[PDB]
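Could you slot chain H with the ligand onto chain L? The hints should help.
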Amino acid sequence: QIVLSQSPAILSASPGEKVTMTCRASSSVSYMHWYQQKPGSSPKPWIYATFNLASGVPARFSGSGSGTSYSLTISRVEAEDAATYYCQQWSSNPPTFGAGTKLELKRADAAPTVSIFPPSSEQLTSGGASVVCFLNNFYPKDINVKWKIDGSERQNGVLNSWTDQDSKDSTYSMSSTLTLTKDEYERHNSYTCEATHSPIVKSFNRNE
Amino acid sequence: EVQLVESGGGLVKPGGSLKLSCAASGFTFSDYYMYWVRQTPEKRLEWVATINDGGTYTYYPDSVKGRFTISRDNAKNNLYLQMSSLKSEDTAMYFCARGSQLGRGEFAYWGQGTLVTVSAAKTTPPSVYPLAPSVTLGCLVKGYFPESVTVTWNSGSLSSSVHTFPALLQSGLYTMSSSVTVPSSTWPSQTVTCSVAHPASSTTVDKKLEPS
Ligand SMILES: [Cl-]
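So the protein sequences, as listed, match chains L and H. Those letters in the first sequence? Residues 1 to 27, 29 to 198, 203 to 213, by the authors' numbering. Those letters in the second sequence? Residues 1 to 52, 52A, 53 to 82, 82A to 82C, 83 to 100, 100A to 100C, 101 to 126, 135 to 213, by the authors' numbering.
Bound-form chain H, shown alone:
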């Protein structure tokens, strides 16, 4: 399987610099053009960089040219995007991508993406509060910056009955919630834990769900 794993995304100030990585495997990396594409918070997709097999030719849209530099390391099979003179309009999810030697310029493989947030606000870890009264439970994830967080319920074994509410920004900080629905014989007879990870603050917070 072709794999593309982005890393290095996160929080950076206007005018600042951040460098993204993309670890590629499952194909001979040095036989392919590589690309970065970003998706804005308005969900628009835009191509932001193209690089050669050998890294000798690079192409960019006018909006990033002079600011972003695509490079690659064919030994380690990493692709990079040095971003500089960052503006708030560069806030986006950044995907590395691989095409096809068949031409036609399709994006045949995408990474999962790394979020870049351009902002003067501080990194803040979340406060996690259980939401306790089929029975529905939740965890409120309050007062964090930047995105994203992930909430898992009993290590993913309850994922099918989960809802993940989009984060809202309020007083410079995000707040979101996650719900899970389980049989009334499953809780409170068994323990239900929400596990909240915020990579930007290297935090993982666990809360047990217990009746109020």
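Extracted from the complex, chain L is given alone in its bound form:
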């Protein structure tokens, strides 16, 4: 099978820049196709037959190449271009796809908007105490979160989940969930979520 090696794996670029992502084939290919995928939706046809833009694909996008090396170029990158780009061939059977280039956009640093939430009444009655903290719309993607209970850092039972880059504001978001049982949660009073790229902290007191 023609193996497609896509480079780079992550292309980090600021808006206004010209970028090029590359698709190398183990063997010669007659036509290369490109798809754009944003999270929560299927791949969208983006370039077909090496050069042609799919409908509703901006003119900033171009495609090129031949033989065993193809490229997709963006003349001036915009925030809405953040997504994964996959090349695909079907010159020989089977058809194959590259592993994708994820285009990440740069922008100004942004502090997270931090929100901490106490467990609902429903949950505590069912013996559960999930304490949730959102760190929304921050940049860059690398951020640390720490939990403190009654002033002590707590590490066990913290599960973090990151979004992909927002297409509109080029920011990331993340949820940090401290999973306690009601029994554990009711032993303490002060619950703190701290963000560090000097931190941003948010707290609640159970007794309030």
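If you are wondering where the hints come from, they were derived from the structure by calculation, not from laboratory data. Take these hints with a grain of salt, some might be off.
[Said to hold, decoys possible] Below, in silico cross-link-like pairs of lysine-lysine (DSSO-like), each with a Cα-Cα straight-line distance of 30 Å or less:
#1 L:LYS107 / L:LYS39
#2 H:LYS75 / L:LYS45
#3 H:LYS208 / L:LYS169
#4 L:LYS107 / H:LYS19
Okay, now just chain H with the ligand, sitting in the frame of chain L:
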């Protein structure tokens, strides 16, 4: 507009069988080759089946050959994938696709996809808990199987300020959360409801956001 709507995805045991459907419209279905492509949880895309206009010729990669059978019904304009001898590596989002009579083997139209999960775990409906204290609100969607769930806020009229956190699997069950941000004059002065659908359990759970 060309439409491709997959259905029939869901939970199935290793060694078991599941049959996907794809309802096509907006083109003369019986003039086109049709395909299935899947995307693994590692986000890799792989072609899994090709079928003829008339369903007389079928082609498959070695990994599914003997296990999956592509068929089509040109009267009802449905495309099908009977999957058998399922393995956990078949866990994936499955897309039906349409090419072009222009050749060149592009995938010119894709469905939205249906998730197939190969697992011995049970279907479990979620527990939905409001996350209440611009003001940010959330709903915690806890202890469900399999994927997926969808959270809508006031019937979609608040979608622009929404974050959807990827589900994490823990003790055989998924947990995810959704956040929404609204003006402090919008809530609590108005009601904010999260609506959580889990098709696998045919459940829809609504929770009102109210101060703790
Ligand atoms: Cl929504």
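The hints, checked one at a time:
no.	hint	verdict
1	L:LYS107 / L:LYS39	holds (17 Å)
2	H:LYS75 / L:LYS45	holds (26 Å)
3	H:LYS208 / L:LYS169	holds (28 Å)
4	L:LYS107 / H:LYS19	violated (44 Å)
The structure shown violates just one earlier hint, number 4.
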